[PDB]
Amino acid sequence: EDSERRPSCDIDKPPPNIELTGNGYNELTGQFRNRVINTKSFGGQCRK
Amino acid sequence: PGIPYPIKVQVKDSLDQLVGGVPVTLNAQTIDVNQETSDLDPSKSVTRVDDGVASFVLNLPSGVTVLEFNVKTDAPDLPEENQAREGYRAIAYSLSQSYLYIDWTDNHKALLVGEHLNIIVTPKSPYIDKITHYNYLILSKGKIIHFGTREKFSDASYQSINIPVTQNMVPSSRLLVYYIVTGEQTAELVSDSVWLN
Amino acid sequence: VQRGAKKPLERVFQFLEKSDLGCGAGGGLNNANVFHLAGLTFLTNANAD
Amino acid sequence: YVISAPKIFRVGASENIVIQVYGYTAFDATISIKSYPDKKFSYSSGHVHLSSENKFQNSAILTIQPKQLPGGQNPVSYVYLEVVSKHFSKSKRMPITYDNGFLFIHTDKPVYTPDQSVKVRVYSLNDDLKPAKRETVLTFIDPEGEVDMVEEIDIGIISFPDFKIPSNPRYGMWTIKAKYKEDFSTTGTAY
Amino acid sequence: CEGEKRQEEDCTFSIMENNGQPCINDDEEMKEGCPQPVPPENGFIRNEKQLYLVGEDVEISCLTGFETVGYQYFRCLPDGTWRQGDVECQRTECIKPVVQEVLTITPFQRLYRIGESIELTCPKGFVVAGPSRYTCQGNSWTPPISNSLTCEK
Amino acid sequence: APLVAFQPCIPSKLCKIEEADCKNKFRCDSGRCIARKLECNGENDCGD
Amino acid sequence: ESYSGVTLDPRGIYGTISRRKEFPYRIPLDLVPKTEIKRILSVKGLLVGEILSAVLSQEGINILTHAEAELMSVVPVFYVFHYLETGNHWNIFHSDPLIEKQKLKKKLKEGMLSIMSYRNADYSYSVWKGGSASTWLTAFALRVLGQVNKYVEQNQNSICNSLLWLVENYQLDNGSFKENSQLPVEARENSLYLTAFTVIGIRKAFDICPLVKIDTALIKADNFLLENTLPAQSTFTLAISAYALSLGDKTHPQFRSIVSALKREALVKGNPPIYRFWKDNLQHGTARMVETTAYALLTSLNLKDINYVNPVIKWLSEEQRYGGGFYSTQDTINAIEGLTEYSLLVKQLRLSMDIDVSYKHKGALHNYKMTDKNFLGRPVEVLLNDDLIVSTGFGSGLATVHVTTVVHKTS
Amino acid sequence: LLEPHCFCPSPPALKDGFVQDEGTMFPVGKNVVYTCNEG
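Residue numbers (the authors' numbering), protein chains in the order written: chain A, 120 to 167; chain B, 365 to 457, 459 to 562; chain C, 612 to 660; chain D, 23 to 47, 49 to 168, 170 to 178, 180 to 216; chain E, 601 to 632, 643 to 763; chain F, 119 to 166; chain G, 937 to 1002, 1008 to 1123, 1133 to 1234, 1243 to 1369; chain H, 555 to 560, 570 to 602.
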């Protein structure tokens, strides 16, 4: 409730579709796959 | 929470010796986890010369998190400026909101060898109404002398377990009661222990 | 006199009580802290110590 | 799988290690005591049996014997505890200490005069209150800051020869310490 | 193409001892029971340490040229003080003087026993005034140290 | 095929020489070691 | 009144050998009538040496046989053989120790032939065909020959005249030393460096060829070093001068002042210091302080201080060297000699002394058997009036005997 | 060796002694304690 230390330092927008890059890939079909690497996380280290 | 918590305080002199016949009182504030609190009624008692420890008992509601008590001495000769006061804080036990308690706080007083003792346990607010089994371990001198086990039935909310005492537990002992539950995502077990005199 | 000259030993169980690994009477914080205060270390999948 | 064990193990002592299972419709388990080398050492190996009669809990005693490497920078190499089971496997280190047994030094008199025999006996004990017959050395320290050392092999009551006060005694509070001198801890102190 | 064709590097493999990969700090400094006692005259305390244990006794020796007479031992008292037993240093031999490089002093030896006289000169030209022949009886030689002789033309 | 493939090992010695890196500076929660002067200056210098 | 006490030295570690000591029995003129003088004797067993760390291997397999660096190649073999002989450890290899010893002796013979090939007609020592004469390499070869002296043989006449050549030519009247083969204070620094190097060489080669002229040269050089080391010039120069002075007289006032200054200039890490080293440059193939650390280690080993040597041994065991030294082997042989002296001093502290205290004209009173387990002794009263003589056999270790005199004196 | 967790007969006892633990087969690495009779 009481979120101190300026959470997210007023950083609003992430990259547009980084989930597409983080998503899986297939070589024999040339079609992308489901997300594997969760890039939506931040680990606390805000990088503006 | 919800169970009367005994308070045993001792008064010692300047050089490592207990004092008796000195009336003492304490002020406690039972705080709520949700909102504002109220002041608990003070209690005053005297310390016995033969026992050396003053006995106190306070009953608290089920929604208390911590308590702070200021034990002060009361005597006709001791003024208010020169008075003995020592503040302390007691923190209760959880992610699954489950608790466990063992009772009678060794005030029997301390028991002998050969007589069976009953101890009441209570799994207040468990993860599920159905509990697999009861598990308790009595240890002494840093070693596990015996391991106990019981079953949980819906006959009552609190069950009394019988623990036989042996000759290897004369100086002191400890017992811990822990029960495991099966969660929907992750499990979490709750334990508790009280000294054995 | 010997500042009282207490006794030769006078203590067999009081000095034997030092075998207890943990301190205090009992009870405490979450299972890890109370087991460390009681003098034990648990190994389970749910929680660590 | 809840495994309960003491926080500090004792070298040369029977430490009972208990294990509990959540329950299933009878697989065996195995626990062992390994040194700091994983790879490649093992002190002892215990085995238990799980069934519906025991309700899938059992306890086996473990011992820590003088198998440690002689010498070295530190002889602790506390412990590496492993559990061999069909459904689970986990390892964890636990601190240990050579603190095993107790030493009760019993003297005949608290006050001594010059040129007087010193009758003293040491009570050797184990963690299980057993005699634990072991060799013990006894050192004497002058109150100003060592005087004589003597060792004797141990019945349960270690008898020592009568010490003699030097011709020029130093009045004050003396000191008596006793050690096993081979591999142990918990030095006893008498005054 | 541009660049170098030869690279001449060093190799001796002088590190024969192999114990293990160590971890290093950033930088160090010079300087961050009974303490170190104050020795008697001529000092010369052996096995110098920072702190001595209670009950440990350390022997002190006399600095050259002297000799230990009496009881030379310092035992650590329970408190921070020392026993400071009766001990002194008596000169057994006198040492060669470091006044100036012009000598070539007769006789030229490392040490001289009490009763031997020594003579210094300024070769090969003029000489400096002062005591030419002086003996060491163990009585704390007092020659000048800056303007000892400084023989002028 | 992968250039270098790493597998679980049987370590003769576990981790060692673990200590606090910061001596006269501040230790950030993420591991960064910055000067104590940079603390309480209205700027996120640690990153978290 | 204690009035008496000595430290029994079996092998003569500190100063001269001290194994037999006579404590005369005297009667003061203030003795009370009908009073008997009482004496109590005991031993202490001060301490033992640290066996912390001593490692040296892979030298025989890497560089044993593999233009002008034939000397650089063959010199460290002598020090490796010396370390192997001192440590008395040959069971590490599967091969028999005798075959390895014979191979090392053959390599030492090859090195002796090589160092004989570097001898010119003027008895000097040069590097490149003998075109110019160098005193540094001459003293290095003198060190090598002094190391060889202890094992097989060396011709004395070829060393005495070689030292006389240096004493006659390269010895300045002030005590300085220089070489023919080639910031005003840098000249004095190099002069003191060469002087300390020549002092080390002449002291190593002096035990086999004792001469009055060589002793005079040593006295003059020691005077030069004690006079000119007053200012703090450089850590490396200070350390090499301290070692050159410790190879001779170890209890000189100015030598002790130099040792104290070097200890003040020492660098430590931790409290208590786990590692102790010396840095040449202040506030500064890149490790150049290893030379001065090895020189300070040798100086401390000459003082027989285990507590002060242990951190330097831990430093030279594993550190940022990697390594990491010059020339080589100006520092490699110094570190090998330091490890050898450390192992030798550890072997010196064994406490195998067998103390048998007896009377001069009467029978023996008591006998002490000192071991590692029993490092203490029981007090024994002295009743019969006679001269007491404490003595021991060969022994190995270090222990001090304490004896006090209790006499009733009026008063 | 398969990511761990994925015999000796009864030892003879000397004269006037007895083994604390009795068993047909003992696993490799297991230790036994010997005891002496009264007297």
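Fair warning: there could be bad hints in the mix.
[Unchecked claim] A few chain D residues that face chain B, going by a derived Cβ cut-off under 7 angstroms, partial list only:
no.	residue
1	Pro28
2	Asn77
3	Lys78
4	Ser82
[To be verified] Pairwise CB distance ranges, derived in the manner of DEER restraints:
no.	chain 1	residue 1	chain 2	residue 2	range
5	E	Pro741	G	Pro960	38 to 46 angstroms
6	G	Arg947	F	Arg145	52 to 60 angstroms
7	G	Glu1339	D	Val174	12 to 20 angstroms
The hints are simulated quantities; they were obtained by calculation from the structure and are not laboratory data.
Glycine included, every Cβ here is placed at the ideal spot set by N, Cα and C.
### Query
Which hints, by number, does the structure contradict?
As far as the earlier hints go, only 2 is violated by this structure.
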